[PDB]
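Participant: So the chains spell out like this:
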Amino acid sequence: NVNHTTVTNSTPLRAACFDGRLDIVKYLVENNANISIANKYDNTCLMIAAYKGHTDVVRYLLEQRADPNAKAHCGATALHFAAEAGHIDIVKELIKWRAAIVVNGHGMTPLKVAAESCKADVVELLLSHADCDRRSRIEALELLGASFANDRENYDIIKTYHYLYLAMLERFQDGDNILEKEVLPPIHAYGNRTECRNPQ
Amino acid sequence: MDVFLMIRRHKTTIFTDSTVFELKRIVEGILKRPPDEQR
Amino acid sequence: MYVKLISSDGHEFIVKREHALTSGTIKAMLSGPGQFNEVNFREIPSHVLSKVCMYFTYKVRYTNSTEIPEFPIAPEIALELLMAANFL
Amino acid sequence: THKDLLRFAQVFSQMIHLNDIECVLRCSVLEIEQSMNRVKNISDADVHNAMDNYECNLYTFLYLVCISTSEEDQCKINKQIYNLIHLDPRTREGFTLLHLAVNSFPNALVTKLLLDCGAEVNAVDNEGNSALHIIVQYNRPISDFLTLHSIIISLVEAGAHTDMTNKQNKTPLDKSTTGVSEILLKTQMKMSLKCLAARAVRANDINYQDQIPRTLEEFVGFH
Ligand SMILES: [Zn+2]
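Sequence order for the protein chains is A, B, C and D. Mind the numbering: the first sequence is residues 113 to 312 in UniProt numbering, read in order. Mind the numbering: the second sequence is residues 1 to 17, 22 to 43 in UniProt numbering, read in order. Mind the numbering: the third sequence is residues 17 to 52, 58 to 85, 87 to 110 in UniProt numbering, read in order. Mind the numbering: the fourth sequence is residues 381 to 399, 406 to 455, 460 to 494, 509 to 627 in UniProt numbering, read in order.
I should point out that these hints are in silico values taken from the structure, not numbers from a laboratory. Idealized CB from N, CA, C, for every residue including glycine. Heads up, some of the hints might be wrong.
Simulated restraints, written as ranges between beta carbons of each label pair [to be verified]:
no.: 1; chain 1: D; residue 1: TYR612; chain 2: A; residue 2: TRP209; range: 37 to 47 Å
no.: 2; chain 1: D; residue 1: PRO510; chain 2: A; residue 2: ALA301; range: 42 to 52 Å
no.: 3; chain 1: D; residue 1: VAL528; chain 2: A; residue 2: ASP288; range: 16 to 26 Å
no.: 4; chain 1: D; residue 1: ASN573; chain 2: A; residue 2: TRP209; range: 48 to 58 Å
no.: 5; chain 1: D; residue 1: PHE392; chain 2: A; residue 2: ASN143; range: 50 to 60 Å
no.: 6; chain 1: D; residue 1: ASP548; chain 2: C; residue 2: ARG82; range: 35 to 45 Å
no.: 7; chain 1: D; residue 1: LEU513; chain 2: A; residue 2: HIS274; range: 15 to 25 Å
no.: 8; chain 1: A; residue 1: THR272; chain 2: D; residue 2: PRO510; range: 51 to 61 Å
Take these sequences, add in the hints, and give me the full structure.
Facilitator: Given below as structure tokens:
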């Protein structure tokens, strides 16, 4: 019980959610549940549910009209938080409820998280529910390939060039609306070449 | 630059893509006629 | 170093030699037992040659992405333009 | 061996991930695949021993050729796949080996070799389906950009019309609804004065009414 628990705003309902037994759904989740808790980085139930790889209780939470909004120490609620989690199923679950999000100033846009994560499939799913500016599409595809050039988990030189060709050709179909690539003079530390702007 | 001349002479046609005199010069380059004559 | 076609109906035309290469049989009958440089294609009306040359020039009008406008569509001469496309 | 042969093939697939041979395993259906066809000829209901055995046929080359992907033995393997060079089994709905290969399986090495050996590039199925008509509609565009590239590039080199029409007026470009396949198509075709002229003639209510040469009729009916 929340009275018989640790000091720092814990709840044995959440501790049971670690186990994930069906007895929780039978007795506690079905009955009244812990309303709200917080911690140092401002954890809420909607976050720890997504973080838990078990999703039947998380889905059941939505089945219980789970609140689609929450906060943490930074501006993250499940689009900045399911991004690095990699659990595509709950990403689709949250898209199912047509939830939205704004940028996180401390971090980046939820789309941009997967760009530096080297993960890819997430972008297409996110773009599906994305009805934002087309200008975002141009710059959201040149960073996914760029990360593959110098990373650790998955290194493949061939995909890097391929993923930038679509990127440039999506900027010349706009009918003399070329959003050119303004560049600073080359830095001697990073070689001596210059960022490319012509198609060839 | 942007050269696109729909030239149409008397029963003669030049699809040639320069001063007006140079145009007559091109006419001389083809019809081989005096530029003033092909004013 | 420019070429000139001869019209069977009586009104031949002078054109650039860049188009001479871009063709089906012009290269064929500009070389051989003849012409080792004007040929009368006697198999066509004169007005068709206007659109033929317009397309010929349109070839270089849009060479090497994305946006390209439409070539001037033949409203009522296409029935004879088709029988001409295969010939050359 | 209706399912037992597929079982040993499964056994071979096992050691594949478990970490002349291929010619001999194919020699299993060398004529058997043809006796399959003969029994289908004998009775129409005999395609029931065969519904998956067309698939399990092309499933084999989905794996035995997959591992296949000496030069004399490789020419032998080409002879082995040369069995249905003209013995083309008309499957249900007219989907050939290429036609099921393109539909998603979604492979490039199998699809390139089946084209390399030789097949009907512009084969038309029931309801006017074309090989390029299927590839454009794909549900995982951004997931793999290195496979659609290979398939689209390989298909056009063999020769297929990019201005084809279905039974109803639906060009392969028109049927494509994905945002990327349109660009990776539009950046490769050639154009001719012939197609641009015939397209309007077919579009116009004016009919040729057999006033054109017969050899020119299937450059207009197709369009
Ligand atoms: Zn065509």
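Participant: Hint says 16 to 26 Å; check whether the CB-CB distance for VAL528(D) and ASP288(A) agrees.
Facilitator: For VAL528(D) and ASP288(A) the Cβ distance comes to about 40 Å; the hint is violated.
Participant: Are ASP548(D) and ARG82(C) spaced within 35 to 45 Å by their CB atoms?
Facilitator: 37 Å Cβ-Cβ, so the 35 to 45 Å window holds.
Participant: Given the range 37 to 47 Å, decide if the beta-carbon distance of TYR612(D) to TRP209(A) lies inside it.
Facilitator: About 57 Å separates the Cβ atoms of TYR612(D) and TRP209(A), which means 37 to 47 Å is violated.
Participant: How does the Cβ-Cβ distance of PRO510(D) and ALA301(A) compare with 42 to 52 Å: does it lie in that range?
Facilitator: The hinted range 42 to 52 Å holds for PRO510(D) and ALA301(A), with Cβ atoms some 44 Å apart.
Participant: Do the Cβ positions of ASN573(D) and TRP209(A) conform to the proposed distance bound of 48 to 58 Å?
Facilitator: 39 Å Cβ-Cβ, so the 48 to 58 Å window is violated.
Participant: Would you say the C-beta atoms of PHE392(D) and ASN143(A) sit inside 50 to 60 Å of each other?
Facilitator: Cβ of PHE392(D) to Cβ of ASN143(A): about 56 Å, so the range 50 to 60 Å holds.
Participant: Between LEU513(D) and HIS274(A), is the Cβ distance one that fits in 15 to 25 Å?
Facilitator: With a Cβ separation near 18 Å, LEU513(D) and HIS274(A) satisfy 15 to 25 Å, so the hint holds.
Participant: Hint says 51 to 61 Å; check whether the CB-CB distance for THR272(A) and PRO510(D) agrees.
Facilitator: Violated, since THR272(A) and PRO510(D) (Cβ atoms, about 23 Å apart) do not stay within the stated range.
Checked against the numbered hints given earlier, the structure breaks hints 1, 3, 4, 8 and satisfies all the rest.
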